[PDB]
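S.K.: Chain residues, written in single-letter form:
Protein chains: 2
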Amino acid sequence: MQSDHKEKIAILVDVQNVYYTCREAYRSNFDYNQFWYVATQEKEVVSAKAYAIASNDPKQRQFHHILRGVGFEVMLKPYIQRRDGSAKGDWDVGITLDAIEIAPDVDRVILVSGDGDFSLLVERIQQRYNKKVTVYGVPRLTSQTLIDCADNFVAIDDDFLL
Amino acid sequence: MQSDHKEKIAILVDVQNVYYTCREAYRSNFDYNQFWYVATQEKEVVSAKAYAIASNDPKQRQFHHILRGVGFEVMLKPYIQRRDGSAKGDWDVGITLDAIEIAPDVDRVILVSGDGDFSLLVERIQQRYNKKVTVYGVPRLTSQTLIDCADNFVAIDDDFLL
Numbered sequence: 001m002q003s004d005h006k007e008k009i010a011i012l013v014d015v016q017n018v019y020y021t022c023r024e025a026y027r028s029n030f031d032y033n034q035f036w037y038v039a040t041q042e043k044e045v046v047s048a049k050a051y052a053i054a055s056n057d058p059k060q061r062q063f064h065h066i067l068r069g070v071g072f073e074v075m076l077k078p079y080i081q082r083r084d085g086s087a088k089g090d091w092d093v094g095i096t097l098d099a100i101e102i103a104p105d106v107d108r109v110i111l112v113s114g115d116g117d118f119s120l121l122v123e124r125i126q127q128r129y130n131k132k133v134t135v136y137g138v139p140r141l142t143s144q145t146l147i148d149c150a151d152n153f154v155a156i157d158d159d160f161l162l
Numbered sequence: 001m002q003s004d005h006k007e008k009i010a011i012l013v014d015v016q017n018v019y020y021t022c023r024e025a026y027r028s029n030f031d032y033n034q035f036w037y038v039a040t041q042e043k044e045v046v047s048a049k050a051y052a053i054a055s056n057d058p059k060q061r062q063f064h065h066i067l068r069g070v071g072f073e074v075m076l077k078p079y080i081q082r083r084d085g086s087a088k089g090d091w092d093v094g095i096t097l098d099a100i101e102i103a104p105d106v107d108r109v110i111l112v113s114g115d116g117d118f119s120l121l122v123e124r125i126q127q128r129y130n131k132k133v134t135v136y137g138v139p140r141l142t143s144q145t146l147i148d149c150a151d152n153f154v155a156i157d158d159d160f161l162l
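Chains as they are written, first to last, in PDB author numbering: chain A, 1 to 162; chain A', 1 to 162. A prime marks a further copy of an entry chain.
Chain A extracted, bound-state conformation:
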């Protein structure tokens, strides 16, 4: 016999990617309340994490507070000393670690990022855990390889903008 459990989901948001791609494509901000509302309809939310950058700025701290209110655990990037002049803002390693960890516990991973490097992560979730992956991304700035790897792709467009 079958339990008829709601689809179990994990959500991982690449907050920096969402911010910059929405600014570049639309000069607008992402509506996290609309996203939560739609993505979680009829779903069991096993995990929901928003990967962001720590800030002493009151407006940024307020934004993080809003995200926690929506339902996310806000994951602030640990300090990482830099000697090579490379970009300080990237959460790819930590998102990769967490997405693989949560895959066995969910039916579907929802990744909110247009970064094509995550194609390898989508593929690995499908190969090892045979779970579904949905990607939300700004279409004009999302890798086609990532769109094609995902089981489903949902556009970040006006339906998800403030």
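Be a bit skeptical, because a hint or two may be false.
[Claimed, not checked] Pairs of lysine-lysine residues, derived as DSS-like cross-links and limited to a Cα-Cα distance of at most 25 Å, are as follows: (1) A:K49 - A:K132; (2) A:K8 - A:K59; (3) A':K59 - A':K43; (4) A:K77 - A':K88; (5) A':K131 - A':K6; (6) A':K8 - A':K49; (7) A:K6 - A:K88; (8) A':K59 - A':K49; (9) A':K59 - A:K88; (10) A':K43 - A:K132; (11) A':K8 - A':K59; (12) A':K131 - A:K77; (13) A:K49 - A:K77; (14) A':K77 - A':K88; (15) A:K131 - A':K77; (16) A:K131 - A:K8; (17) A':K131 - A':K8; (18) A':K43 - A':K131; (19) A':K49 - A':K131; (20) A':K6 - A:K88; (21) A':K6 - A:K77.
[To be verified] Looking from chain A toward chain A', a few residues come up when the C-beta cut is under 7 Å (computed): (22) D90; (23) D117; (24) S119.
Since the hints were made in silico from the structure, they are not lab data. Heads up, the beta-carbon is just placed ideally off N, CA and C, and yes, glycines get one too.
Guided by the hints, dock chain A' onto chain A, whose structure is given.
M.R.: Positioned in the frame of chain A, the structure of chain A' alone reads:
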């Protein structure tokens, strides 16, 4: 009773990071034969992978052939379509996936990269699998956070240059 098995190791080389950091610090190339020789002394090599960029250039193909001869499986980055103008060369997602996968099978992971974003990966290997991690990196271009996270740090300096 105890088996006295040699220490089991996995090696993961971030070939692009090694290349650029050795060029910037030393205007020299890494000696992969010297590295293999030293790193594998008295070790059981369970896995050894060199993460590189595919090329149609005969000199690059020859370099990959040399690496395979040294003992590496050469992992060439899959094509990833890009719409956002971001850097095409980064292997962080794939190195993260593979390093976590191999951790349960080895006593020590050897990561050849100075990229501080791998600090989160080192920490996760230690927390979840309680294995050792050695980092090899060009000191003047390696994140201090990565050096401090690693169980051992070995400098890529003249002892490992061609």
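S.K.: Now tell me, hint by hint, if it's right for this structure.
M.R.: Status of each hint after checking the structure:
1. A:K49 - A:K132: holds (18 Å)
2. A:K8 - A:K59: Between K8 (chain A) and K59 (chain A) the Cα gap is close to 33 Å, so the pair fails against 25 Å, i.e. violated.
3. A':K59 - A':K43: With a Cα-Cα distance of about 31 Å, the restraint between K59 (chain A') and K43 (chain A') is violated, given a limit of 25 Å.
4. A:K77 - A':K88: Distance ~23 Å between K77 (chain A) and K88 (chain A') Cα, so the pair holds.
5. A':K131 - A':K6: Distance of about 15 Å is within 25 Å: holds.
6. A':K8 - A':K49: holds (15 Å)
7. A:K6 - A:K88: Distance of about 38 Å is beyond 25 Å: violated.
8. A':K59 - A':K49: Holds, at roughly 20 Å.
9. A':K59 - A:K88: Violated: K59 (chain A') and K88 (chain A) sit about 33 Å apart, past 25 Å.
10. A':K43 - A:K132: It is violated: about 39 Å lies between the C-alpha atoms, which goes past 25 Å.
11. A':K8 - A':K59: This hinted pair is violated, its Cα atoms lying about 33 Å apart.
12. A':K131 - A:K77: holds (23 Å)
13. A:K49 - A:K77: Holds, because 12 Å separates the two Cα atoms, which is no more than 25 Å.
14. A':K77 - A':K88: The given pair, whose Cα atoms are some 10 Å apart, holds under the 25 Å limit.
15. A:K131 - A':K77: holds (23 Å)
16. A:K131 - A:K8: It holds: about 10 Å lies between the C-alpha atoms, which stays within 25 Å.
17. A':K131 - A':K8: holds (10 Å)
18. A':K43 - A':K131: Roughly 15 Å separates the two Cα atoms, so the pair holds.
19. A':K49 - A':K131: holds (18 Å)
20. A':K6 - A:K88: Distance ~38 Å between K6 (chain A') and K88 (chain A) Cα, so the pair is violated.
21. A':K6 - A:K77: violated (37 Å)
22. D90: Since chain A' brings a Cβ to about 6 Å from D90 (chain A), closer than 7 Å, the hint holds.
23. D117: At 5 Å from the nearest chain A' Cβ, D117 (chain A) passes the 7 Å test, so the hint holds.
24. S119: holds (6 Å)
Consistency note: the structure conflicts with the earlier hints numbered 2, 3, 7, 9, 10, 11, 20, 21.
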